[PDB]
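Participant: The residues making up each chain are set out below.
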Amino acid sequence: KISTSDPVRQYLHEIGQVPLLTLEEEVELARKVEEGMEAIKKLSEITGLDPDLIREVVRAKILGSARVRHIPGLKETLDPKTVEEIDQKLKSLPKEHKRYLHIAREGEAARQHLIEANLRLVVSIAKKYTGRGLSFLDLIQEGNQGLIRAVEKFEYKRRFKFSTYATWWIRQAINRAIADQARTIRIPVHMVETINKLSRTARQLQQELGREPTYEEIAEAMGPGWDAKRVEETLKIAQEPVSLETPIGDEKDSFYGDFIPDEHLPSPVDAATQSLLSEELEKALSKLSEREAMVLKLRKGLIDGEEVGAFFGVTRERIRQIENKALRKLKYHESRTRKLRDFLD
Amino acid sequence: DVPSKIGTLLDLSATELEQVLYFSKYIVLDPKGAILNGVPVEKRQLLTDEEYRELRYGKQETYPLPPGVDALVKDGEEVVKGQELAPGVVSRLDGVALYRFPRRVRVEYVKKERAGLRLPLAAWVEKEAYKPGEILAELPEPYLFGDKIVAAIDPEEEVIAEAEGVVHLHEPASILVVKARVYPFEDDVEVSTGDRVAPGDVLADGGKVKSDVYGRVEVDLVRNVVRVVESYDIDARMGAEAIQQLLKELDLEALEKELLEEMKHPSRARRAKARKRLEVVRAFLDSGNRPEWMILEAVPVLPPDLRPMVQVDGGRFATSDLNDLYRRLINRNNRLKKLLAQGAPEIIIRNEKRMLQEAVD
Ligand SMILES: [Mg+2]
Ligand SMILES: [Mg+2]
Ligand SMILES: [Mg+2]
Ligand SMILES: [Mg+2]
Ligand SMILES: [Mg+2]
Ligand SMILES: [Mg+2]
Ligand SMILES: [Mg+2]
Ligand SMILES: [Mg+2]
Ligand SMILES: [Mg+2]
Ligand SMILES: [Mg+2]
Ligand SMILES: [Mg+2]
Ligand SMILES: [Mg+2]
Ligand SMILES: [Mg+2]
Ligand SMILES: [Mg+2]
Ligand SMILES: [Mg+2]
Ligand SMILES: [Mg+2]
Ligand SMILES: [Mg+2]
Ligand SMILES: [Mg+2]
Ligand SMILES: [Mg+2]
Ligand SMILES: [Mg+2]
Ligand SMILES: [Mg+2]
Ligand SMILES: [Mg+2]
Ligand SMILES: [Mg+2]
Ligand SMILES: [Mg+2]
Ligand SMILES: [Mg+2]
Ligand SMILES: [Mg+2]
Ligand SMILES: [Mg+2]
Ligand SMILES: [Mg+2]
Ligand SMILES: [Mg+2]
Ligand SMILES: [Mg+2]
Ligand SMILES: [Mg+2]
Ligand SMILES: [Mg+2]
Ligand SMILES: [Mg+2]
Ligand SMILES: [Mg+2]
Ligand SMILES: [Mg+2]
Ligand SMILES: [Mg+2]
Ligand SMILES: [Mg+2]
Ligand SMILES: [Mg+2]
Ligand SMILES: [Mg+2]
Ligand SMILES: [Mg+2]
Ligand SMILES: [Mg+2]
Ligand SMILES: [Mg+2]
Ligand SMILES: [Mg+2]
Ligand SMILES: [Mg+2]
Ligand SMILES: [Mg+2]
Ligand SMILES: [Mg+2]
Ligand SMILES: [Mg+2]
Ligand SMILES: [Mg+2]
Ligand SMILES: [Mg+2]
Ligand SMILES: [Mg+2]
Ligand SMILES: [Mg+2]
Ligand SMILES: [Mg+2]
Ligand SMILES: [Mg+2]
Ligand SMILES: [Mg+2]
Ligand SMILES: [Mg+2]
Ligand SMILES: [Mg+2]
Ligand SMILES: [Mg+2]
Ligand SMILES: [Mg+2]
Ligand SMILES: [Mg+2]
Ligand SMILES: [Mg+2]
Ligand SMILES: [Mg+2]
Ligand SMILES: [Mg+2]
Ligand SMILES: [Mg+2]
Ligand SMILES: [Mg+2]
Ligand SMILES: [Mg+2]
Ligand SMILES: [Mg+2]
Ligand SMILES: [Mg+2]
Ligand SMILES: [Mg+2]
Ligand SMILES: [Mg+2]
Ligand SMILES: [Mg+2]
Ligand SMILES: [Mg+2]
Ligand SMILES: [Mg+2]
Ligand SMILES: [Mg+2]
Ligand SMILES: [Mg+2]
Ligand SMILES: [Mg+2]
Ligand SMILES: [Mg+2]
Ligand SMILES: [Mg+2]
Ligand SMILES: [Mg+2]
Ligand SMILES: [Mg+2]
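The listed protein sequences correspond, in order, to chains Z and W. Going by the working numbering, 316 is the number at position 316 of the first sequence; the sequence numbering is gapless. Throughout, the working numbering is defined as the position within the second sequence, counted from one, plus 1000.
Rather than coming from a laboratory, the hints here were simulated on the basis of the structure. Wrong hints could be hidden among the right ones.
Okay, derived cross-link-like pairs now, DSSO-like style, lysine-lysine, Cα gap no bigger than 30 Å in a straight line [what the hints assert, rightly or not]: (1) Z:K89 to W:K1179; (2) W:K1210 to Z:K98; (3) Z:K153 to W:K1208; (4) W:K1032 to Z:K75; (5) Z:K75 to W:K1338; (6) W:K1179 to Z:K91; (7) Z:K287 to Z:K300; (8) Z:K95 to W:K1338; (9) W:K1208 to Z:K75; (10) W:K1148 to W:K1081; (11) W:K1337 to Z:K128; (12) W:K1353 to W:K1208; (13) W:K1208 to W:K1032; (14) Z:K42 to W:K1127; (15) W:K1273 to W:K1257; (16) W:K1257 to Z:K42; (17) W:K1338 to Z:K81; (18) W:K1074 to Z:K75; (19) W:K1112 to W:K1074; (20) W:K1208 to Z:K95; (21) W:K1273 to Z:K1; (22) Z:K1 to W:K1353; (23) Z:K89 to Z:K128; (24) Z:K161 to W:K1338; (25) W:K1131 to Z:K42; (26) W:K1353 to W:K1210; (27) W:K1337 to Z:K95; (28) W:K1005 to W:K1276; (29) W:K1148 to Z:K98; (30) Z:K157 to W:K1112; (31) W:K1032 to Z:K81; (32) Z:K325 to Z:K297; (33) W:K1210 to Z:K89.
Bound conformation, chain Z alone:
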């Protein structure tokens, strides 16, 4: 049954059952989140265990069983024995550090609750970044991703409530995505705003001339280093890629694709060519002094394109010697029995 509604209902349901109290509830979870951190750290300190490891084990025992560790991130950690052993030393921590364990867990849980209650916040925001080029579901999701990011750096010690805080973090994550995925071809953010700028400029330029401004106007209006070559180049990138599969001519079964020709593939004639060229050239390669004939033949046609560095040990004078005397003796007896003359190219 058509997505959208169901998930809207889905969290609007859990929000509708649990919104966060303006202060109390928000501040509450927050304080539990930070202490969880302070805890995990101090834990890492007493156990010499990695905070990332402290954080994942507590997460398991609270969020899910071996199911969530195994299928998501492959079984690097022993689904049972590993995480268990870890939880063990947590128990062994006497009355002092044990306390933190209980803190870490509860904090982590607190975290979740904070996240859930503020999903409508994402929806309201994301609801305005609609017609950018992303699915509304995609827009909220990313925005959500931003909310979590917000939950990473919020300092409740600093009175201002989460509301305004998440706003930014979300919007950031949103725009990022918008510029990142909304195209069949990735383009840096700089070039994005640039195109906007150009676009915006064209609008003002579409305001009085009654002439869709020549690349001269746009170059001028935009500013500093803008030129015709520039504008022409930008707009050419702006344009979205059309469908290789599209109705053609008198809208019928004709599909755009069959219309585009090939270039790699050597259409039969070239195949024919390569045959003679190879066969004949090979017949001429065998009638030659190897030394400086193979050097240039291999340096030119076998690796890349260095007179001195072309011959093994014999210096440049013996190179230029056989290179220009064999190649000329080669070119002229071939002038006799004309086999290559007729430029195969």
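Position chain W with the ligands relative to chain Z; hints supplied.
Facilitator: Frame of chain Z, contents of chain W with the ligands only:
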């Protein structure tokens, strides 16, 4: 496909069951799930989020939060801490706070009328007790003729170095339908269940801990109150995951013989269904391949040159519409992974898995 090749085989609501779990989150109790709904676990039946949610966290989650500062903040407090409030507990101030549910209660925050028997939150605020043993003297003038603060001096949830780190708000009276223990002991038959008097505490902390039939354990270091909620490991799953499991745990031979009986003996109805349900189990079981593959966790990707990216005129590029769909999938799937690792509130995971599903379609 009309005869849902998966719904036919997996005797699930051929067309409706799937649609319900597959695309949304209407879980199907895969393996065990001890606790009841009023009847035993639904070995292969489905439930809704509401009934589901009403299983894992305990039978009830009520958070009636009082108004004002004195009124309802006094009726409940006198009967919330430890006082096992029975069903329909009639709190008595604003309106009639109705605690229509089970075992014990836990009140949240208090304002500034009277402070007594609470946690060490305000402990630091009024030095005397946290500093020395003056809490006894705290009782103003009657002491001449565990907590029991002054008649009324404090106000909100703060830290009193100086009135800076504060929080002036409400007083929630959330009833938690769970059984509270305070002095559990040690009986070595199975692995030490619960806790000890005060020293040893083997229980896992306030999250997920399995003791006896009850299965969740919250911890409050105030009094040795080991909160033990009751539901267990009700294996609840939705989406291809759940189905993937089911399809693997299937001995087709069995269902081949079962249907054999089901087919020839009972009346037309169920036996007719059985015949149409035997055909596929036969095909698979025959020369055919093994049925755990209808599940997709590895999407092949069609060749590149077959989904070209070509230069047209100037800056115009042209590609097969397929490529857009592919990115749809790729992104979601990526967002998924990030979304699981970064922590994971249920709603958002499913909401994506949904999208992800649609994308794969
Ligand atoms: Mg939603
Ligand atoms: Mg949902
Ligand atoms: Mg509502
Ligand atoms: Mg530290
Ligand atoms: Mg150490
Ligand atoms: Mg598994
Ligand atoms: Mg992993
Ligand atoms: Mg170890
Ligand atoms: Mg020891
Ligand atoms: Mg957390
Ligand atoms: Mg839109
Ligand atoms: Mg600060
Ligand atoms: Mg700021
Ligand atoms: Mg970023
Ligand atoms: Mg502007
Ligand atoms: Mg406009
Ligand atoms: Mg212009
Ligand atoms: Mg442009
Ligand atoms: Mg035509
Ligand atoms: Mg047509
Ligand atoms: Mg065609
Ligand atoms: Mg075209
Ligand atoms: Mg054709
Ligand atoms: Mg071509
Ligand atoms: Mg030709
Ligand atoms: Mg030739
Ligand atoms: Mg020689
Ligand atoms: Mg030579
Ligand atoms: Mg060369
Ligand atoms: Mg080169
Ligand atoms: Mg050289
Ligand atoms: Mg050399
Ligand atoms: Mg050399
Ligand atoms: Mg060499
Ligand atoms: Mg030499
Ligand atoms: Mg010559
Ligand atoms: Mg000669
Ligand atoms: Mg010649
Ligand atoms: Mg000859
Ligand atoms: Mg079909
Ligand atoms: Mg069925
Ligand atoms: Mg009932
Ligand atoms: Mg019932
Ligand atoms: Mg079953
Ligand atoms: Mg619970
Ligand atoms: Mg129950
Ligand atoms: Mg009354
Ligand atoms: Mg009860
Ligand atoms: Mg209060
Ligand atoms: Mg008080
Ligand atoms: Mg007390
Ligand atoms: Mg002192
Ligand atoms: Mg006296
Ligand atoms: Mg006296
Ligand atoms: Mg006396
Ligand atoms: Mg007396
Ligand atoms: Mg104070
Ligand atoms: Mg202080
Ligand atoms: Mg104040
Ligand atoms: Mg302060
Ligand atoms: Mg205020
Ligand atoms: Mg014994
Ligand atoms: Mg004790
Ligand atoms: Mg112990
Ligand atoms: Mg021991
Ligand atoms: Mg139990
Ligand atoms: Mg028990
Ligand atoms: Mg088996
Ligand atoms: Mg079966
Ligand atoms: Mg058998
Ligand atoms: Mg049988
Ligand atoms: Mg399968
Ligand atoms: Mg499948
Ligand atoms: Mg290409
Ligand atoms: Mg290309
Ligand atoms: Mg065109
Ligand atoms: Mg195509
Ligand atoms: Mg989180
Ligand atoms: Mg949740």
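Participant: Next step is simple, just say for each hint if it's right about the structure.
Facilitator: How the hints compare with the structure:
The hinted pair formed by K89 of chain Z and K1179 of chain W meets the criterion: a straight-line CA distance of about 28 Å does not exceed 30 Å. With a C-alpha separation of about 19 Å, the suggested pair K1210 of chain W and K98 of chain Z falls inside the 30 Å cut-off, and the hint holds. Taking the CA atoms of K153 of chain Z and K1208 of chain W, the gap is near 27 Å; set against the 30 Å cutoff, the hint holds. A C-alpha spacing of about 24 Å is found between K1032 of chain W and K75 of chain Z, which places the hinted pair at or below 30 Å, so the restraint holds.
As the CA atoms of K75 of chain Z and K1338 of chain W are separated by approximately 17 Å, the hinted pair is consistent with the 30 Å bound. Taking the CA atoms of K1179 of chain W and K91 of chain Z, the gap is about 23 Å. The hint holds against a cut of 30 Å. Restraint check for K287 of chain Z and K300 of chain Z: satisfied, since their Cα atoms lie roughly 19 Å apart, inside the 30 Å limit. Distance hint between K95 of chain Z and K1338 of chain W is unfulfilled; the C-alpha atoms sit about 36 Å from each other, more than 30 Å.
Taking the CA atoms of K1208 of chain W and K75 of chain Z, the gap is about 21 Å. The hint holds against a cut of 30 Å. For a cut-off of 30 Å, the pair hint linking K1148 of chain W to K1081 of chain W stands: about 14 Å separates their Cα positions. This hinted pair checks out: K1337 of chain W and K128 of chain Z have alpha carbons roughly 26 Å apart, not beyond 30 Å. In summary, the hint linking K1353 of chain W to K1208 of chain W is supported, as the alpha carbons are separated by about 24 Å, within the 30 Å threshold.
With a CA separation close to 17 Å, the supplied pair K1208 of chain W and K1032 of chain W stays within the 30 Å bound. Restraint check for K42 of chain Z and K1127 of chain W: the C-alpha separation of about 27 Å stays at or below 30 Å, so the hint holds. At roughly 15 Å between alpha-carbon atoms, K1273 of chain W and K1257 of chain W fall within 30 Å of each other, so this suggested pair holds. Among the hinted pairs, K1257 of chain W with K42 of chain Z is inconsistent with the structure: their alpha-carbon atoms are about 61 Å apart, more than 30 Å.
Of the supplied pair hints, the one linking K1338 of chain W and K81 of chain Z holds, its CA atoms being roughly 26 Å apart against a limit of 30 Å. The hinted pair formed by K1074 of chain W and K75 of chain Z fails the criterion: a straight-line CA distance of about 53 Å is larger than 30 Å. Proposed proximity of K1112 of chain W and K1074 of chain W is supported: the alpha carbons are some 11 Å apart, at most 30 Å. Taking the CA atoms of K1208 of chain W and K95 of chain Z, the gap is near 20 Å; set against the 30 Å cutoff, the hint holds.
Between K1273 of chain W and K1 of chain Z, the direct Cα distance comes to roughly 27 Å. Compliance with the 30 Å bound is thereby established for this hinted pair. Distance hint between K1 of chain Z and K1353 of chain W is fulfilled; the C-alpha atoms sit about 15 Å from each other, no more than 30 Å. For the hint pairing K89 of chain Z with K128 of chain Z, the CA-to-CA distance comes to about 49 Å; that exceeds 30 Å, so the pair is violated. Taken as a hint, the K161 of chain Z and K1338 of chain W pair is honoured in the structure, with Cα atoms around 26 Å apart against an allowance of 30 Å.
For the hint pairing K1131 of chain W with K42 of chain Z, the CA-to-CA distance comes to about 25 Å; that is within 30 Å, so the pair holds. Note on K1353 of chain W and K1210 of chain W: the hinted pairing holds, with a Cα-Cα distance of about 29 Å set against a maximum of 30 Å. Distance hint between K1337 of chain W and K95 of chain Z is unfulfilled; the C-alpha atoms sit about 37 Å from each other, more than 30 Å. Pair hint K1005 of chain W plus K1276 of chain W holds up; C-alpha atoms about 11 Å apart against a cutoff of 30 Å.
Restraint check: the Cα-Cα separation between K1148 of chain W and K98 of chain Z comes to about 28 Å, which is no more than 30 Å; the hinted pair holds. Restraint check for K157 of chain Z and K1112 of chain W: satisfied, since their Cα atoms lie roughly 23 Å apart, inside the 30 Å limit. Proposed proximity of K1032 of chain W and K81 of chain Z is supported: the alpha carbons are some 22 Å apart, at most 30 Å. Taken as a hint, the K325 of chain Z and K297 of chain Z pair is honoured in the structure, with Cα atoms around 15 Å apart against an allowance of 30 Å.
For the hint linking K1210 of chain W to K89 of chain Z, the alpha-carbon distance of about 18 Å falls within 30 Å, and the restraint holds.
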